[PDB]
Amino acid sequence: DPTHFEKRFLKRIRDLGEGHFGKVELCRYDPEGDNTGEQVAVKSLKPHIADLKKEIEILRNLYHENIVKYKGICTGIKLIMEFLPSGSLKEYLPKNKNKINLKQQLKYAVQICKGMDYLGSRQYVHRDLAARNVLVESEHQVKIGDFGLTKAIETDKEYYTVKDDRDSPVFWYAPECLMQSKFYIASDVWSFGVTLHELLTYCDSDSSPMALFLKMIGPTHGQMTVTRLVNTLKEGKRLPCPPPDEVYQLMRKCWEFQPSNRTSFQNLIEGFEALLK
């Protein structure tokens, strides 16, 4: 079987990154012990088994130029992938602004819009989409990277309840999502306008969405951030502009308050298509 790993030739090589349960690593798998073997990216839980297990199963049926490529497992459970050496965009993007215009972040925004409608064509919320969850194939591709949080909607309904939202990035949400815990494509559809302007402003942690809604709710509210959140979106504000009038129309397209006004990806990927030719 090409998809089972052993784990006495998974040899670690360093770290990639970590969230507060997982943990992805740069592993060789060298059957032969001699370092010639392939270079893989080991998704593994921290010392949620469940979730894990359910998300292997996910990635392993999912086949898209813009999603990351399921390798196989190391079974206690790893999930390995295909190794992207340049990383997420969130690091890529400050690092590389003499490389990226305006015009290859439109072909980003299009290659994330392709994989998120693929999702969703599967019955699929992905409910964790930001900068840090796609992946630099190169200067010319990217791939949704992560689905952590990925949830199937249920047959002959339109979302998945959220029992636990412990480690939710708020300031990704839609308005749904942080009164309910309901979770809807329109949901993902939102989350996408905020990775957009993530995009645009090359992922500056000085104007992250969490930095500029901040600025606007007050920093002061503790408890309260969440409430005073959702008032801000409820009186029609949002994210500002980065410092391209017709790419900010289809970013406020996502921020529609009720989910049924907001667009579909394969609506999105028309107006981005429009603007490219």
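In this text, rigid core is short for the largest set of C-alphas that superpose within 1.5 Å between two forms. Numbering follows the first chain given and starts at 1. First, how it differs from the form deposited in another entry.
Shown in the overlay between the two forms, fitted on the rigid core, is a CA shift at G33 of 2 Å or greater. The rigid-core alignment places the CA of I269 less than 2 Å apart between the two forms.
With the core held fixed between the two forms, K253 has its Cα displaced by under 2 Å.
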Second form
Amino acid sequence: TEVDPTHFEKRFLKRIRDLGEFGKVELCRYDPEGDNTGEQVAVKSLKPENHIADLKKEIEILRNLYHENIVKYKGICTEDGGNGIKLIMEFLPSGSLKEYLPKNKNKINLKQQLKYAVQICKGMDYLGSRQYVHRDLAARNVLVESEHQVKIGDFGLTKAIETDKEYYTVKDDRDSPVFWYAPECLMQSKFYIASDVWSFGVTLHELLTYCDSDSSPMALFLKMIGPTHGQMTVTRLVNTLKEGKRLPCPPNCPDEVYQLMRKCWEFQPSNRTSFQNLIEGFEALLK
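Next up, the form deposited in another entry in place of the form deposited in one PDB entry?
One chain, no partners, no other molecules: that is all that follows.
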């Protein structure tokens, strides 16, 4: 009778709090000894409110990503009856950039922010080179490993780009993070690697504003276009982008950093900078 270190029994999984939420992520303590000494893990499960194939594809994607800036897969939790699966990941106590940055503003300077930018680009470049589109790159999905290290922590919308194709055609777009989305995603429901570059520029803007809610891309775009357009919000967002309007320069952000951000926001995907170029650009500012 052999031992699988990637197999977690649901009986020993004890919920502590919600980390995020068709899917939900919870902080759990895996306690097979039942004495509260067990390890804390992040557990992704389906909400009953079936998307089992989607979660299984996410698990298979994450199980085969090995990068310092990508959250670690720990294992799976399956029930003997064959009904359902849970994704088990490592837990990062500092949380995402959304929680970490407002709390550590005095500790985190521009140099450390640019190092996080490089790490996000590296994790994203590794993902892209493996023919994947992330589709949900935002600061809330960037986890803090330590003051010196960040990791992409959620892959719920990650899709494989088919061979001999430049993009993924989006069908389900109801819960799209529209304020992080490139015009081709909003207008044609097409997802390219360059669309993840656009989303990175938006995430870079959040990082430079220390994830303050009043300076969020949603709060800023709604001030630009109007906050009471309801079902017309996306069209008014697309027109604004078609006009060449973009998010403004963060306070105390030097122009050279802002210019790299603007290269992520070129209207045409082909005219946008790559993650390789972004990495080179930030590295040139760090030395």
